[PDB]
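Participant: Spelled out from the first residue to the last, the chains are:
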Amino acid sequence: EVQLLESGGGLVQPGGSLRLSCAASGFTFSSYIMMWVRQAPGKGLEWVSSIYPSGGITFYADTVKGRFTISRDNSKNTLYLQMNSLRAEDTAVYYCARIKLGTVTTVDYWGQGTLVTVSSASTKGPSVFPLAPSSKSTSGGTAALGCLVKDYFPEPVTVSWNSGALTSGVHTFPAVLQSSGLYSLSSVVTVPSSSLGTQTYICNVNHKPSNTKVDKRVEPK
Amino acid sequence: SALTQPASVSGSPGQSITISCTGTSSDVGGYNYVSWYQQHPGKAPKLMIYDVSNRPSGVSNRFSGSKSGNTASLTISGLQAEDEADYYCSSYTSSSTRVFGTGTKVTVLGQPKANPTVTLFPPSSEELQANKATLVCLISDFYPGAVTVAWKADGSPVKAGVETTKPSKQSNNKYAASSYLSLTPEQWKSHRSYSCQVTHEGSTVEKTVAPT
Numbered sequence: 001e002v003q004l005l006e007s008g009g010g011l012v013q014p015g016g017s018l019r020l021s022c023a024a025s026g027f028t029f030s031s032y033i034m035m036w037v038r039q040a041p042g043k044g045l046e047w048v049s050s051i052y053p054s055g056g057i058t059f060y061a062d063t064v065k066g067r068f069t070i071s072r073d074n075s076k077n078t079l080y081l082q083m084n085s086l087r088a089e090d091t092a093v094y095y096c097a098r099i100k101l102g103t104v105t106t107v108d109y110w111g112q113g114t115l116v117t118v119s120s121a122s123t124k125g126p127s128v129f130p131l132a133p134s135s136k137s138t139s140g141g142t143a144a145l146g147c148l149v150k151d152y153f154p155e156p157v158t159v160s161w162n163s164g165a166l167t168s169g170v171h172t173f174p175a176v177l178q179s180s181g182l183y184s185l186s187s188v189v190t191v192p193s194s195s196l197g198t199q200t201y202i203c204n205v206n207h208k209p210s211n212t213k214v215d216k217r218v219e220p221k
Numbered sequence: 222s223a224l225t226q227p228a229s230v231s232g233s234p235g236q237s238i239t240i241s242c243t244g245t246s247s248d249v250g251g252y253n254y255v256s257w258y259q260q261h262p263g264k265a266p267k268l269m270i271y272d273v274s275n276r277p278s279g280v281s282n283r284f285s286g287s288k289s290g291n292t293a294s295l296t297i298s299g300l301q302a303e304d305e306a307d308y309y310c311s312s313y314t315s316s317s318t319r320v321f322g323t324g325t326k327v328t329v330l331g332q333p334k335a336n337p338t339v340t341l342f343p344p345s346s347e348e349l350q351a352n353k354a355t356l357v358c359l360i361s362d363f364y365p366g367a368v369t370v371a372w373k374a375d376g377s378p379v380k381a382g383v384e385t386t387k388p389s390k391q392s393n394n395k396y397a398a399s400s401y402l403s404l405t406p407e408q409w410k411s412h413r414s415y416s417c418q419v420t421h422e423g424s425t426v427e428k429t430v431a432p433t
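Protein chains in written order, with our numbering: chain Z, 1 to 221; chain Y, 222 to 433.
It should be emphasised that the hints constitute simulated quantities derived from the structure, not laboratory data.
It cannot be assumed that every hint is accurate.
Chain Y side only, calculated, beta carbon under 7 Å to chain Z, not exhaustive [said to hold, decoys possible]:
{"#": "1", "residue": "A265"}
{"#": "2", "residue": "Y309"}
{"#": "3", "residue": "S311"}
{"#": "4", "residue": "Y313"}
{"#": "5", "residue": "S317"}
{"#": "6", "residue": "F321"}
{"#": "7", "residue": "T323"}
{"#": "8", "residue": "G324"}
{"#": "9", "residue": "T328"}
{"#": "10", "residue": "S345"}
{"#": "11", "residue": "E347"}
{"#": "12", "residue": "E348"}
{"#": "13", "residue": "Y401"}
Each residue gets a CB set at the ideal place from its N, CA and C atoms; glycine is no exception.
Throw the hints in and build the complete structure from the sequences for me.
Facilitator: Here is the structure:
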């Protein structure tokens with residue numbers, strides 16, 4: 001019903017710039033105060049900026065004053081955040097927030113957020129390897145098979161199975177942050193051993209920062 | 222400068238816990254504009270309480286809010302496992318700004334001991350063809366979240382090339398962790414069998430893999 005869809009996030013070098021967007025629907029956009037809130041990874045919530053219904057009154061956290069600009073296009077039902085001179089410290093998930101009518105700070109609706117990474121390190125697409133079920137699987141009951149998603153930057157990667165049709169028995173593990181600064185992750189499916197000859201198993205790896213979309217067939221042996 | 226919340230509040234099932242949020246006379250102590258949010262891992266925050274004590278529609282009466290001086294409080298009665306999340310207060314500031322609290326991590330104890338399931342994969346032939354080798358040891362469905370991981374090459378330890386994650390809670394409310402052992406195809410083919418052995422509550426589960 002109420003929709004708050006962010007876009008424009010991504011990886012950027014220190015000193016770089018980005019423009020975030022928030023596409024709204026399901027409500028009379030023009031009668032609400034809109035806000036941006038950020039959250040650095042594993043850290044707390046932090047207010048960034050606010051914009052009044054008409055777009056004439058704006059407010060900013062001291063931490064972003066002079067670098068970030070909030071704006072809105074009421075006709076196009078969009079909230080913007082122009083972010084200039086970005087630094088490592090600005091790395092966070094940026095949430096688009098709708099202020100509850102009759103309040104100035106209370107958020108009734110939040111978006112899913114757009115992740116913004118500020119780093120001097122460049123994107124690295126992953127190398128995807130099949131993790132074939134143990135040689136003596138069809139000689140038993142259950143079989144664990146997977147995909148090793150190696151050496152990517154930054155987070156996240158999403159892993160699906162059989163183009164999203166296979167969801168049961170799927171476990172994508174959290175990534176390890178190696179000494180190299182690169183991540184690695186593994187996704188595993190637990191299937192019947194008897195289906196290993198009958199069923200084709202493919203893992204669908206997506207790493208949007210490097211535009212990587214890899215489909216890896218996982219064969220028994 | 223920030224709203225002070227305890228970093229951690231732990232509780233048992235069915236119990237009540239109170240999360241405090243202390244500000245100044247120019248924010249929490251100055252106005253009845255204090256809100257509370259619940260946030261689950263990897264999810265967007267959710268409004269639990271607004272205007273100190275008002276609960277939005279669909280929010281359980283197990284959640285209540287109060288204020289005394291420069292301190293706001295969120296009480297959770299009849300603690301449930303699903304209440305385990307991060308909680309934030311927020312208030313309007315006299316500066317016209319908006320400030321969130323430091324956040325409180327709520328942990329709900331009492332769940333039964335769960336032994337880990339260990340899945341060990343040898344390097345893939347594709348990876349070996351790329352002149353690399355990675356042994357993958359996946360540890361899941363354990364509780365409490367404490368594991369020890371040891372790597373062995375047909376006896377004696379392996380310290381070099383080991384990288385283990387911090388145990389993390391999965392969707393089933395149990396912990397999962399991963400450990401990677403990085404080798405050269407030459408090292409991998411030289412030994413008889415490598416082993417991943419994970420220790421959880423004094424009980425060691427071991428998996429072994431070989432070049433075969």
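Participant: If a hint holds in the structure, say so; if it does not, say that too.
Facilitator: Verification of the supplied hints:
Below 7 Å, beta-carbon pairs count as interface contacts, and Y:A265 has one with chain Z at about 4 Å; its hint therefore holds. Taking 7 Å as the C-beta cut-off, the interface hint given for Y:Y309 holds, the closest approach to chain Z being about 5 Å. Hint status for Y:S311: holds, given a least beta-carbon distance of 6 Å to chain Z, under 7 Å. Restraint check, Y:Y313 versus chain Z: the minimum CB separation of about 5 Å is within 7 Å; hint holds.
This hint holds: Y:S317 has a C-beta 6 Å from the nearest C-beta of chain Z, less than the 7 Å allowed. Hint on Y:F321 holds. Least Cβ distance to chain Z is approximately 4 Å, under the 7 Å limit. For the restraint placing Y:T323 at the interface with chain Z, the shortest Cβ-Cβ distance is roughly 6 Å, inside the 7 Å limit, so the hint holds. Hint status for Y:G324 relative to chain Z: holds, with the closest Cβ pair at about 4 Å, below 7 Å.
Nearest Cβ of chain Z to the Cβ of Y:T328: about 16 Å, over the 7 Å cut. The hint is violated. About 5 Å separates the beta-carbon of Y:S345 from the nearest beta-carbon of chain Z, less than 7 Å, and the hint is met. Of the supplied interface hints, the one on Y:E347 holds, with its beta-carbon coming within about 5 Å of a beta-carbon of chain Z, less than 7 Å. About 5 Å separates the beta-carbon of Y:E348 from the nearest beta-carbon of chain Z, less than 7 Å, and the hint is met.
With a cut of 7 Å, the hint placing Y:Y401 at the interface with chain Z holds, because the nearest CB-to-CB distance is about 6 Å.
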